[PDB]
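Given next are the chains, with one letter for each unit.
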Amino acid sequence: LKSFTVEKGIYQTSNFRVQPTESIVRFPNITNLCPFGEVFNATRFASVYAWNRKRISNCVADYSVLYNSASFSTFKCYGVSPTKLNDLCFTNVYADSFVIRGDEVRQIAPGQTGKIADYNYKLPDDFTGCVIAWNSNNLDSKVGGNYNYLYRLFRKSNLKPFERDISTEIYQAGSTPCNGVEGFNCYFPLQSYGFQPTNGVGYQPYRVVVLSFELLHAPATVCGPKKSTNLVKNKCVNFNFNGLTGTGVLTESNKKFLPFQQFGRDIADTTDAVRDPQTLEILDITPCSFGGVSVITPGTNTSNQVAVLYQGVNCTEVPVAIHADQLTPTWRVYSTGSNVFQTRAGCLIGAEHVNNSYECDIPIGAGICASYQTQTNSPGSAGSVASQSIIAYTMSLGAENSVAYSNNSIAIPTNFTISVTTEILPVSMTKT
Amino acid sequence: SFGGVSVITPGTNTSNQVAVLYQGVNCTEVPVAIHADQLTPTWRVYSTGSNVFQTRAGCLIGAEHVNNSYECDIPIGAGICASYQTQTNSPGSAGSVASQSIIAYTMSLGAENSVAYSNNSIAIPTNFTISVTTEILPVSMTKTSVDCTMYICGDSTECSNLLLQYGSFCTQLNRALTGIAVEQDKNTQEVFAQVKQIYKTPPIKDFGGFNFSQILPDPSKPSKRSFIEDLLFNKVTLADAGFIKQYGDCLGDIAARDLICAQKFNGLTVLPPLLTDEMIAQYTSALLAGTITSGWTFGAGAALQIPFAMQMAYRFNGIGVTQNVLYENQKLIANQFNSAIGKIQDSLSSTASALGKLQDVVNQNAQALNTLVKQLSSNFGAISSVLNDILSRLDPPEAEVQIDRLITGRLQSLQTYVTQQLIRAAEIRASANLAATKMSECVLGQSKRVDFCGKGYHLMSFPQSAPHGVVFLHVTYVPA
Amino acid sequence: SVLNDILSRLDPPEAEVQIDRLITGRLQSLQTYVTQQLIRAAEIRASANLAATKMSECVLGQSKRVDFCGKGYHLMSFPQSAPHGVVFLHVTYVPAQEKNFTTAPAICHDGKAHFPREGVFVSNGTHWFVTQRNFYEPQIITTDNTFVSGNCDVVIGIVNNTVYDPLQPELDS
Amino acid sequence: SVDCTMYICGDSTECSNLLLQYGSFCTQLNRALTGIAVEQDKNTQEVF
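Chains as they are written, first to last, in the entry's author numbering: chain A, 303 to 734; chain B, 591 to 1070; chain C, 975 to 1147; chain D, 735 to 782.
Because the hints were derived from the structure by calculation, they are not lab data. Any given hint could turn out to be false.
With a cut-off of at most 27 Å between alpha-carbon atoms, the simulated DSS-like pairs for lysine-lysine come out as follows [claimed, not checked]:
hint	chain 1	residue 1	chain 2	residue 2
1	B	786	C	1038
2	D	776	B	795
3	C	1045	B	921
4	B	786	C	1073
5	B	786	C	1086
6	B	835	A	537
7	B	1038	A	558
8	C	1038	B	1045
9	B	835	A	558
10	B	776	C	1086
11	C	1038	B	1038
12	A	310	B	786
Quick list of the computed label-pair ranges, beta carbon to beta carbon [to be verified]:
hint	chain 1	residue 1	chain 2	residue 2	range
13	A	655	C	1019	43 to 49 Å
14	B	991	A	560	21 to 27 Å
15	A	311	D	744	51 to 57 Å
16	B	975	A	373	58 to 64 Å
17	B	688	D	736	39 to 45 Å
18	A	655	D	770	25 to 31 Å
19	C	1019	A	616	43 to 49 Å
The beta-carbon is built from N, C-alpha and C at its ideal position, and this holds for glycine as well.
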């Protein structure tokens, strides 16, 4: 009101709102995981020059295991946060697994040059993806030496990103025709790596897997895992189902959804009942309790005791809305007590319900009216301050009456009154 | 050349064949619009030929003009009206015959009646009729209240901050609707509350033969409400009742099947009316009670019991027909009136359309809210319609600009809603004041104003409660 | 929020954007205000028309409309000035005290029916009187007051009574 | 009577799509004017 004095009436001071208890994040069931195991825990590894490329798509790819696992020496992701993979989703993912020397491991990164980067396996400058590598001295190395892995010494030109060249043909360095065989100025294009268990760290063969994540407009097939929580019902909660979010009280519904259909909809175009991704249950949509708060007070000149009306709410929510149990005992009294009256309009606290009907001083709603009344017994005294209180009652329509209707009688007045009343009407506004 | 197109549909219930109106266009242009060159030859017939009638309003196709004059069912414009009629048909049996079509004709003002005006002749009615008509007026609207913050910002701290920059827009809007809300309560009080004391009818019904039983509240049925009004509640669509909705029952994608619940979601609340329906009936009972037993006196001050038969003697006195008319034909008049009362019951029961005005009151209001609700889906220029996504996807620096667009749109929408709301309320108020005057003058006394109380020298009226409105049963005198 | 600040603060190329924000908003506020006034003005003008009618009907004459001039059979009104409005001091007739009486729409002198020209039939219990509607004054029911219409058979409620004829005493005397 | 579409967007598809983003502002406005349009006729019938 922006005033120190308040005239009697009902005023809307603020808004009542139940706060959310907890946050729920959800994504669909975990099944249909991409086969990471085939790549990482693979029995055999391809060579650097021709590396294995397994496309991963149509799954929920759970990166967490690779990030968390100790087994890998390094795990570096250029384009996106390595932590982010669980949330992020890519249209297509390619895994390039190859075995290369330890010293060379650094080369597997964007914007790099070297034997692998140029000739072997090239990465885009822009490359978005993560490179995971680990040692395989135990697996790959041979005492005799493991020749199986080759890289390329010569080529007509530099290799483009992700371009692999398997070709066995003899490279002709010079003018002399090779004719398929080595000779002067003719060499097999690839050289092997001599890995042996005895060698040093740099020397050790390492299995590296790079997960490129091509991002296109096209539908994204490979998305991250689902970090979900338990479902709680009959409570105002902050829920996040697959696509949407909102706050309300999830309850069991009696709705029969079609097998394919995920969400319902209001006539209005609202989110009404949703199907839980984990359980095939239909849960109907309810905004959490809230309503207006109106203060019913007598004029400040008369008193300062008030009564509050919580519109369109049950009395039950008010003790829960605030943590009454948590609060001090001074605060506790306000939450519940005999002095609570519930009406159609809402829960009115601070006013005692009264059987007697009187004229309506202040309108509450639903026919209930509040007034400040005290019965007073004092000689030559107006109702003085005493144990006064605020009462709410069904507003009296007035003293009820009846007319002695009959076939044969009339009521004709003997005398009358000349009265004067005032009728007031506005004529004009101020000429602004 | 361009103009609006209107479809004259006789009604799907009745027929599929329709007529199309091209407003303010010459008929010559119609074939060019349609791809006559491209389309099949079946289509070719549809564009050209006779069976095209040119009117001031535009070019009308599908309708056959008729010289004969009829009353106007559906207005075309410029006095032309369209209707679906069948020419004489053969007997009803399978046989090949053609009938039923859409006709456009020159609307008839009605049947011309020349009057034999003369030097010294008078027409003096030998017999009369006590008929009854129904007049329906809206009294109040649904006390809608809207929270700006939830509507615009609904649970978004980042949003509300942006709203504050707007200053006082919300406070006034919330204030405006609240002002409207009180006014409705004021409307209902002024309309019904005309009487201080609440009268109840005596156990004896002997009303000179007049049969009130339909109009009086029926002690019995829940709510002491009357029979005729009971149908009235039935004909209308109550928004909701009970004012209690199970929270849990509500939470997901289905509850918005329950529209009110959805409304509950977006800050849209419906305040209840101060005067409850049960309470409203009592007034209607009282206003009715004093009118029956006391005459007009209850408006002036203390109600004075007067036998009903006596009242008509006064009421006839009001029109310029002496008392002798009533008693001399007391039984008939009562019978006429009682039979008259029954007619409303069938008319009311027969067609929903009797209630059309009230229904309108509900419907525009329903429309306003839904339109208000739907706006939430509009992007306006915004990247998306959901507040969370903007926050989620975009950094605040970028987001602030985006949300701002969304804010202006809804705020504009609410602004359109309230402005629209104020005007309709005013429309209602004038009606309410009109309603109050009708109870004040017509019910509480007998009105002198010709064509105020229904066609005829007005006798009296009995109000009946109705949703957000009131129905009057004007009993008028008409010469037979 | 200050125009002079923005002007002092920014060069025109940049300032134009900021000022534009205020103009669209402020104008919109002003637009809001005007719409409110038009609507509100309509309400007042509606009242003015009513006021004029009240002045027209109530002051200038005695209005017949029940509850137009205040509760009761309206006598008259005295308009009074006021700020931005008017106040009327209606003078209304309200019945104060009442007494029950027994009524019947007519009386039979001859076996014929009499109805009251002005008034209704009542009885003190001993004798029948006919009086005006809103203030009790009994009168001796004479032919001068009553008019003929029909006979006793049709009447409903009619009671036997004696009507006084002023003429007889003149001729007999 | 006023169609928003021409009045605003008049034969510009690029314009009209941008209009749709606006939602129901038009359909409501056109509705009101139509409602207004019928109203006068109602007035005339009531009077005469």
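Taking the hints in turn, this is what the structure says about them:
Taking the CA atoms of residue 786(B) and residue 1038(C), the gap is near 21 Å; set against the 27 Å cutoff, the hint holds. Distance restraint check for residue 776(D) and residue 795(B): the Cα-Cα separation of roughly 43 Å exceeds the 27 Å cut-off, and the hinted pair is therefore not satisfied. With a C-alpha separation of about 35 Å, the suggested pairing of residue 1045(C) with residue 921(B) is violated against the 27 Å cut-off. A distance of roughly 21 Å separates the Cα atoms of residue 786(B) and residue 1073(C); the hinted pair therefore holds under the 27 Å criterion.
For the given pair, residue 786(B) sits about 43 Å from residue 1086(C) by alpha-carbon distance, which is inconsistent with the 27 Å threshold. Straight-line distance between C-alpha atoms of residue 835(B) and residue 537(A) comes to about 14 Å, which keeps the hinted pair within the 27 Å bound. For the given pair, residue 1038(B) sits about 63 Å from residue 558(A) by alpha-carbon distance, which is inconsistent with the 27 Å threshold. Our distance criterion of 27 Å between C-alpha atoms is met by residue 1038(C) and residue 1045(B), whose separation comes to about 20 Å.
With a CA separation close to 21 Å, the supplied pair residue 835(B) and residue 558(A) stays within the 27 Å bound. Between residue 776(B) and residue 1086(C), the direct Cα distance comes to roughly 54 Å. Violation of the 27 Å bound is thereby established for this hinted pair. For the given pair, residue 1038(C) sits about 8 Å from residue 1038(B) by alpha-carbon distance, which is consistent with the 27 Å threshold. Distance restraint check for residue 310(A) and residue 786(B): the Cα-Cα separation of roughly 23 Å lies within the 27 Å cut-off, and the hinted pair is therefore satisfied.
For the hinted restraint 43 to 49 Å between residue 655(A) and residue 1019(C), the CB-CB distance of approximately 45 Å keeps it satisfied. For residue 991(B) paired with residue 560(A), a C-beta distance near 41 Å fails the hint of 21 to 27 Å. For the pair residue 311(A) and residue 744(D), the beta carbons lie near 53 Å from each other, so the given range of 51 to 57 Å is met. A hinted range of 58 to 64 Å for the beta carbons of residue 975(B) and residue 373(A) is inconsistent with their spacing of about 46 Å.
In this structure the supplied range 39 to 45 Å holds for residue 688(B) paired with residue 736(D), their Cβ-Cβ distance being about 42 Å. Between residue 655(A) and residue 770(D) the C-beta distance comes to about 50 Å, which lies outside the given range of 25 to 31 Å. Judged by the Cβ atoms, the range 43 to 49 Å given for residue 1019(C) and residue 616(A) holds: they are separated by roughly 46 Å.
Hints 2, 3, 5, 7, 10, 14, 16 and 18 from the earlier list are contradicted by this structure; the remaining hints agree with it.
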